[PDB]
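Asker: Given next are the chains, with one letter for each unit.
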Amino acid sequence: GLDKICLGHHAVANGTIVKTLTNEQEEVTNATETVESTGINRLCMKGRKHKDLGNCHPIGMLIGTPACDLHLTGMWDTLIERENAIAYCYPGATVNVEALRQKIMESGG
Amino acid sequence: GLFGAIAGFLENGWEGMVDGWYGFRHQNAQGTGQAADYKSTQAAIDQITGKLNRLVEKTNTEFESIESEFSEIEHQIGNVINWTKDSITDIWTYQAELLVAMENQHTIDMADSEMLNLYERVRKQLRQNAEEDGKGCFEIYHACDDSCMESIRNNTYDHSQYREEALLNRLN
Amino acid sequence: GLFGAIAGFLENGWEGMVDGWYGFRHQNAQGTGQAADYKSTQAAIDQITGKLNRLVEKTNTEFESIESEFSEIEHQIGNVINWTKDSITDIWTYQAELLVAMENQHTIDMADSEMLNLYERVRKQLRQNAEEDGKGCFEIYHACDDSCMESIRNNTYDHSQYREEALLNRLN
Amino acid sequence: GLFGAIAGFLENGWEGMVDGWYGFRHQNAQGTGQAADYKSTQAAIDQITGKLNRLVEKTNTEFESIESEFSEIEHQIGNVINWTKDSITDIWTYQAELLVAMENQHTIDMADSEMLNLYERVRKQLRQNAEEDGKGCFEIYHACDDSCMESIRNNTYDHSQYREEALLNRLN
Amino acid sequence: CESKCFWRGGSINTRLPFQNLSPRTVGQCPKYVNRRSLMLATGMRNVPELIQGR
Amino acid sequence: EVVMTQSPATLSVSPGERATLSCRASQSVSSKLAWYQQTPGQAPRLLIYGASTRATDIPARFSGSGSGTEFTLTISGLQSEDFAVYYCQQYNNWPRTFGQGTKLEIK
Amino acid sequence: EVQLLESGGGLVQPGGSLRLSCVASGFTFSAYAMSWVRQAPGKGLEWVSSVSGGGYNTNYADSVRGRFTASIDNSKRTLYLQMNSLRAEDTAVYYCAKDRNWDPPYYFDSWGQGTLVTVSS
Amino acid sequence: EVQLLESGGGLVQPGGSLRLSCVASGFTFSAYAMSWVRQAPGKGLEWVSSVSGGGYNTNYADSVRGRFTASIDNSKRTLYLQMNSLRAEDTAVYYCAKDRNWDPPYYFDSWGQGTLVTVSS
Ligand SMILES: *[C@@H]1O[C@H](CO)[C@@H](O[C@@H]2O[C@H](CO)[C@@H](O[C@@H]3O[C@H](CO)[C@@H](O)[C@H](O)[C@@H]3O)[C@H](O)[C@H]2NC(C)=O)[C@H](O)[C@H]1NC(C)=O
Ligand SMILES: *[C@@H]1O[C@H](CO)[C@@H](O[C@@H]2O[C@H](CO)[C@@H](O[C@@H]3O[C@H](CO)[C@@H](O)[C@H](O)[C@@H]3O)[C@H](O)[C@H]2NC(C)=O)[C@H](O)[C@H]1NC(C)=O
Ligand SMILES: *[C@@H]1O[C@H](CO)[C@@H](O[C@@H]2O[C@H](CO)[C@@H](O[C@@H]3O[C@H](CO)[C@@H](O)[C@H](O)[C@@H]3O)[C@H](O)[C@H]2NC(C)=O)[C@H](O)[C@H]1NC(C)=O
Ligand SMILES: *[C@@H]1O[C@H](CO)[C@@H](O)[C@H](O)[C@H]1NC(C)=O
Ligand SMILES: *[C@@H]1O[C@H](CO)[C@@H](O)[C@H](O)[C@H]1NC(C)=O
Ligand SMILES: *[C@@H]1O[C@H](CO)[C@@H](O)[C@H](O)[C@H]1NC(C)=O
Ligand SMILES: *[C@@H]1O[C@H](CO)[C@@H](O)[C@H](O)[C@H]1NC(C)=O
Ligand SMILES: *[C@@H]1O[C@H](CO)[C@@H](O)[C@H](O)[C@H]1NC(C)=O
Ligand SMILES: *[C@@H]1O[C@H](CO)[C@@H](O)[C@H](O)[C@H]1NC(C)=O
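Protein chains in written order, with PDB author numbering: chain E, 9 to 117; chain R, 1 to 172; chain W, 1 to 172; chain C, 1 to 172; chain U, 277 to 330; chain V, 1 to 107; chain P, 1 to 52, 52A, 53 to 82, 82A to 82C, 83 to 100, 100A to 100D, 101 to 113; chain Y, 1 to 52, 52A, 53 to 82, 82A to 82C, 83 to 100, 100A to 100D, 101 to 113.
Hints listed in this document are in silico derivations from the structure and should not be mistaken for laboratory results.
C-beta atoms are modelled at their ideal positions from N, C-alpha and C, and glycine is treated no differently.
Keep in mind that the hints are not guaranteed to be accurate.
Restraint ranges, calculated between C-beta atoms of paired labels, are given here [what the hints assert, rightly or not]:
hint, chain 1, residue 1, chain 2, residue 2, range
1, W, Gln27, C, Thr59, 50 to 58 Å
2, W, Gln161, C, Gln128, 21 to 29 Å
3, U, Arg284, E, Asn63, 17 to 25 Å
4, W, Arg121, C, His159, 22 to 30 Å
5, R, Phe63, E, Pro74, 28 to 36 Å
6, W, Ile81, C, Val100, 30 to 38 Å
7, R, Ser113, P, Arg19, 48 to 56 Å
Chain V regions said to be covered by chain P (calculated; three or more residues, Cβ under 8 Å) [what the hints assert, rightly or not]:
hint, stretch
8, 41 to 47
9, 86 to 100
Isolated chain E (complex conformation):
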């Protein structure tokens, strides 16, 4: 047979489906998903001088409720608050608390 030479690109037996402007489903050699959908079930806390309040409500650290007795003063760059923290041993509430609460959770010590 007469000599021959020519060209082409690679192909694979089973491809993946991707979107595009001109077609809802298109066949390509391979692709990668851009959306992360799994995460560590831990609070990854190396380097930071983290403080964990445990049962202490952040509002209670300015007034000294018994659950917060062990740490009033301190310095940090990350403050952790937990579920159903006990704020008031004596029942009560504060006016415009949502403003004060955010201020504490933004201050560095």
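Keeping the supplied structure of chain E fixed, place chains R, W, C, U, V, P and Y with the ligands upon it in accordance with the hints.
Answerer: Positioned in the frame of chain E, the structure of chains R, W, C, U, V, P and Y with the ligands alone reads:
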């Protein structure tokens, strides 16, 4: 048909190749072979593979909480905050979906163009010693076996040494 | 000039045609005619016409009112909702206008490319039996009238039958 | 060697030229020269330069202040307003970059295509009187010197007057 | 362990542009996109072969 | 012509413990090596190609590394049916010689 | 999904030879190479032959060069091996396998069930 | 950075000749044209010669047509001027300059340090 086909693109893509994206294969009395083009493949892989990083631009704006998870909020300001979050979330979802679908169009279009340019560069080299075969394939009208074949892949193909022979058979 | 012209694209588009976008026009002693390439037309119409639906993405969200049309409110919070609404409205207006503007660019650019690919295929089919005419047409150097004409449009054109005749007249 | 070079694109761009973007230069026994294709240059410069204005769309909106610079603001609503401003700012910053990056790709790709179309035109004009040179240049096979050279740039090149001469030397 | 953005159920330490874990985050978390998955191509169009026996 | 040795010719490990194997080459192969698994009275099975890449349907407890002339393959946790004969093969030069082979048994 | 099947084992004596056959389906038969492999009783594996580039190229191990001839028929998707001049040293199980490359075989990927070949006085 | 450095100044009697030279660096030598310019003591500048199109074209002023001859050598990035039949009027400073265009020189863009030429009895 007893043996397998040899045709290239415009008909279908190569199935059994793992070395590199763009390549070509020959055929003659001595046998058959395959080979990949590295300078073109390296240029293509470098420009396409890095697209993932360019999407995540390091505008290092830092956000802070505005919604209390252990919430005791009002009902008006809560609704105002709720409305904007969904609107921006829809903007991001609509913006992101079109951006990715829009960029996929360029990758498919761009890669198809680089393939054609390589095909163009070979026709110029063969000049008048080869006739197009209409299946993304070329018909060489002079006898190369192994090393004259290697030259075409290597840009050292001096057509002037074979023109007197190749042109005597295209038109008898 | 006594009769009308017969030139194709690269000069102007066909004025009289209603069947399909990409067509044909032959000419010889027997007469003149017209035709449409259905397989290519259907591929083009399907990819372009469905674009309208792809813009209205059904990421449904149940938006609810945040302003009373029989109105009251305040002057601070009222001015906060107003600011964001215009900003998002300008974002959508700016985003919408540019999105349609640049999608139109692809449609025009893509269609012009599909037309050229069809033009490339024919000159591959004719191999050495036709010269380019510089006005989007081809000059055929061997005698077809009606069925040899129909074959070129149907991919069943085996050029090997006519090569020995057409070549003898290109170069005398 | 002794003198410079004459090669065109596919190798490198012209280093010395101030008249126009797209042009060509010739060579023959008489001397050497330069020129510029004004009709194509004006089309290219007009379509590319005006892109700057098209970004600043006059969908005018009379925005007004919502933050007091001599501030005594509350703390809750202050955080609410702060959050949205950054989110929209990142949207605009993220949107602005990708828009400019996307448009730069079209300009580079579009301009490269316009150059090739002009290159395609000349090959059709020369028909069978010229052979490609693989470096973006053509080899003329007939003694066509100074007004000839002007005609090729002028679309008045009637190849039929030179076919009998050029064809006798391509294949001896 | 090190991280730079957190949410209710843990951490989203990753190096991808978009995330679909929660719409509420603090720190430098990625943008939230309301879709299950969004594939990004890193190849070219596929055209498998056909069998010829005629 | 490459000739390879697998050391030890035989090994024994208790269930649930880590297992490690190695295969040596006479001249450089540069990642052009593969591994196989096969039980008696059956047909083989391909495990690793590229010296670092798992083939289709290869659980996560299989891994290895190696370059130049020496390679390592550790089975992180030997289950009740991981015991079988293993082989190392090179596809760098003709002939693509197999070698001594190796049998893994319960200790 | 992927399936390879073989047949042709049987007894033989010096001078005579078998003609093994192995059938393929589920994949494009013209887009991959094919190879034979054997295993002596309780001993190590050995390469015997392979086919490349659709059937225009072949190679053999140095132990059976000239004796064994391979071929391919891509219309029926069948693999052949015409043995000759047996010496009873080759008594072993045979396999047909599919690799993942076109011109060089590279590494074999999938295998079938095989068949038994034996010689006796 | 761009540097043009000349040499070759001297003294000559009628009928003699010098061969001035000018060396270029920092730019592609074939990308631009070159020109000679002279200035007589305390008088106006005068155009002398220029080379265009990589060396295939040349031009001269009417005051020296047929006497002087320019050239170029791309293998050394050197500019030449083979003068002949000098007279007292030639006494002046000389320069080599780089312009911005290829076929016609348009306007010069950079200059060197120059050199002195003189005539005597
Ligand atoms: C299939 O598409 C994916 C996505 O591009 C490719 O997989 C990627 O392959 C690279 C190289 O082996 C893996 O390592 C890292 O990749 C990038 C390359 O820019 C770079 O960060 C590092 O230098 C490193 O090499 C990468 O993790 C891997 N990604 C995934 C999601 O598997 C793959 O190569 C594509 N297939 C082909 C045949 O191109
Ligand atoms: C100019 O554009 C209009 C509007 O698209 C064309 O009318 C529309 O034509 C389409 C097909 O061309 C009709 O069917 C629809 O097409 C697409 C195919 O992807 C799809 O959305 C639907 O399944 C449907 O079949 C459509 O009904 C028709 N009219 C409309 C939308 O009101 C018109 O034909 C175009 N004119 C020319 C000369 O092309
Ligand atoms: C490099 O880019 C600059 C900036 O665009 C060019 O200068 C600009 O040149 C344009 C014409 O080319 C001047 O007029 C403008 O042109 C377009 C026509 O469509 C349009 O935007 C305006 O109506 C206007 O007439 C423009 O004033 C001028 N701007 C500046 C700041 O100089 C420059 O010529 C370019 N140089 C190159 C390509 O060498
Ligand atoms: C706002 O959205 C949150 C989260 O989905 C929901 O719990 C709440 O009922 C919505 N309406 C408010 C807070 O007024
Ligand atoms: C390819 O061309 C280059 C040109 O420098 C030459 O050195 C080389 O030997 C040629 N052959 C191969 C196989 O690269
Ligand atoms: C908000 O804008 C509306 C019109 O969009 C206007 O009627 C209303 O008075 C504005 N609210 C203010 C200025 O507080
Ligand atoms: C066009 O080609 C097909 C090929 O299957 C053939 O069946 C058909 O008859 C042809 N049509 C004409 C009009 O020749
Ligand atoms: C809002 O941000 C500004 C700076 O952009 C800051 O001065 C101000 O205190 C912030 N308001 C808050 C945190 O309530
Ligand atoms: C170029 O073509 C035009 C067409 O009108 C003609 O008038 C002109 O003489 C031609 N040549 C030049 C140098 O203008």
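Asker: Which earlier hints turn out false for this structure, listed by number in ascending order?
Answerer: none
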